[PDB]
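Before any questions on binding or motion, here is one chain by itself as structure tokens, the form solved without N-(1-phenylcyclobutyl)glycinamide.
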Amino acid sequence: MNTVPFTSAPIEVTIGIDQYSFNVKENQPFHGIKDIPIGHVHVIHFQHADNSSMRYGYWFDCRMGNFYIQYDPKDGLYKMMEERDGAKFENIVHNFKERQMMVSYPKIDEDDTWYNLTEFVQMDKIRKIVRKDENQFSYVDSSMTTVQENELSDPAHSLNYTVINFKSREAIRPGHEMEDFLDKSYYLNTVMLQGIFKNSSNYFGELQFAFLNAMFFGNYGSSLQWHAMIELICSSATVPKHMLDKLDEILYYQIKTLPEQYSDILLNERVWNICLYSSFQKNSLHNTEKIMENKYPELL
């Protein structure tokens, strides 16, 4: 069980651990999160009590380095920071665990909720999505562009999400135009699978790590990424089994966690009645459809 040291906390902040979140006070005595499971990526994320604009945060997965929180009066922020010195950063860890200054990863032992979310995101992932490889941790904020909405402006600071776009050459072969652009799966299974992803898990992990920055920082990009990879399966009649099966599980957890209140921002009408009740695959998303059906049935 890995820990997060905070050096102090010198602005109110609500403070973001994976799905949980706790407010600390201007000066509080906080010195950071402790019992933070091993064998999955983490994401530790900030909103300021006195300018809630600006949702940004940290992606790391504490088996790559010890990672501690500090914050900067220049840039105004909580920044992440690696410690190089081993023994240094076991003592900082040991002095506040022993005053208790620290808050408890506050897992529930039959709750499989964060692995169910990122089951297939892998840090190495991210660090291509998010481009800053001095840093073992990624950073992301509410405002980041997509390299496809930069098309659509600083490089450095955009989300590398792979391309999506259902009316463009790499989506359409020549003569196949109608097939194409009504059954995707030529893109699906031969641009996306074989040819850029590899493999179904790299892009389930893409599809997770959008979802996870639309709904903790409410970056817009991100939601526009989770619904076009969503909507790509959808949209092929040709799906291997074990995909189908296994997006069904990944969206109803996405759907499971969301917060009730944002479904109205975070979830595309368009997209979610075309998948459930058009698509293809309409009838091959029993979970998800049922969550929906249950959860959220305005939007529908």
Given for the second form:
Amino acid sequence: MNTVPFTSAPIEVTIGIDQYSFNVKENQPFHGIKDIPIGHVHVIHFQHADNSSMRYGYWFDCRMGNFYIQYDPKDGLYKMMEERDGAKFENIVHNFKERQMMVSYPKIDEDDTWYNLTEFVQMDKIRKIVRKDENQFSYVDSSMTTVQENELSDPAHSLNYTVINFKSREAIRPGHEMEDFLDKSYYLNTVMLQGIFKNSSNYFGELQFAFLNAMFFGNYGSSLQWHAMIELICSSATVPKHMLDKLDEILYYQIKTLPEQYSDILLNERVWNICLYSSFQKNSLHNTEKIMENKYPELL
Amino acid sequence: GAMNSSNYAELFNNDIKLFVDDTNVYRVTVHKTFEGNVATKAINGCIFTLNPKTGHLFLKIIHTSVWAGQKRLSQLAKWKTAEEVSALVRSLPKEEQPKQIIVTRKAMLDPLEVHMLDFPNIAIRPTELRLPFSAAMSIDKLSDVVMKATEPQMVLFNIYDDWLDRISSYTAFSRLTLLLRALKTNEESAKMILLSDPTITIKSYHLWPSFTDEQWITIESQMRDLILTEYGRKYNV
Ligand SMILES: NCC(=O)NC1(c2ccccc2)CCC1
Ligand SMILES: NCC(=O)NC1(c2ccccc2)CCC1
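Next block: the form solved in complex with N-(1-phenylcyclobutyl)glycinamide, after the form solved without N-(1-phenylcyclobutyl)glycinamide:
And the full complex, kicking off with our chain again.
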């Protein structure tokens, strides 16, 4: 179990760690988060009390280094940094634990929610979507646009998700126009899975990361990517059975976790109605259809 | 974006454009079977592809053999239309290719866009106008060449005959849409109006009669009367 200490908390902020959150008051003696489960990526995120504009945060994996948070009064945000002195860090952490100035990652033993939301998400893949090679962790905020959003403006601050476009030469084989547009299997299986992602685990990892950035930061571009990756599978007549079953599980846990009060903007009516009721895979997502119908029958 | 009443003069500017109407591509007669079920029989159809400035009509005849053994024919017809329009564009020299293609039915947008991906600079546009191009098969010479076709065939006509020698494209298009609107509204009456006077003939190389300017004003007034009549008849006014 690992620890992310905080130098201090000089401004009032709501701090999230994965699906958990807690309020810290201005200059409250908060010094970080302990008992973070090893084996998963994690995200530590921030919303300032005085300007809810810009939610922002950091994706990290404690197996890759010792990380801490320190507020920067010039740039006005909580920044993640890596401590390279291992003894300095263990000493800092031990002292804050002795003074009980840390919150405990509050994981119920029965609870597999975070695993289920991050099953295919790997730090190495995050670091290729979010390019900042000098750090081992990755910054994401509400405003960051995607490569695809940019094509339609600072490249270094972009989310480099895989571009999916159903009306593109990449998606449509010359001579198979109607076939490829109405059945996206060749774009899914040959172009994306075999060609770009290499396997379905990497595809699902990007899908899960897009969802989490949409939910945690209200990143509109991440929201578009998540729905595009769902639509591409649902609009394919030929999908491996293991992928459909796994997709059903992935989406079930995403819909379960989504705040009820955010569904109106995080759920695209067209995509979900098409996917659950019109697409080739309308009958292959039993768990997802059941939770959607009981939780969000309005959207549908 | 969409072509409507506001931007109507744009049709007659110097940017090459084509209207595509797919109404008459997939045509059937519905009938009873020996067992008392219903079946369809396809008949030959056509794509109506028109340059509104010049009157050039690329009439691609769709022979019933196209449909043999195919499913979901009304969906296929839109894609076959888009395939044939793309093929026409590719067959034209670069300086003759359109800068815009306006589809008369919005369901043609995605099929045509997908077929034209190789032409990113050709705009594919819908229209808010309710154009009467379905009535093209009420023009006797067009209907005759479609029904007689034994194989796929493209036939080239100017739909304005020689009108552009005397009138502008705007006026020619207005006359064409009036004639077609009338033929769509009441084909029998419209054709009576056009042929009542046996001394006015259709040249071998024309589609419409050889009216003088004065006779065209009369004819056009008669077509308006017909359209208003049929309106009152149908609507009781
Ligand atoms: N740039 C932030 C942003 O666009 N936020 C909104 C959003 C909608 C849908 C999905 C994610 C975010 C909230 C209004 C738009
Ligand atoms: N505008 C008639 C004309 O000058 N040429 C024709 C035409 C060309 C191309 C498309 C449609 C018609 C008449 C048949 C050849």
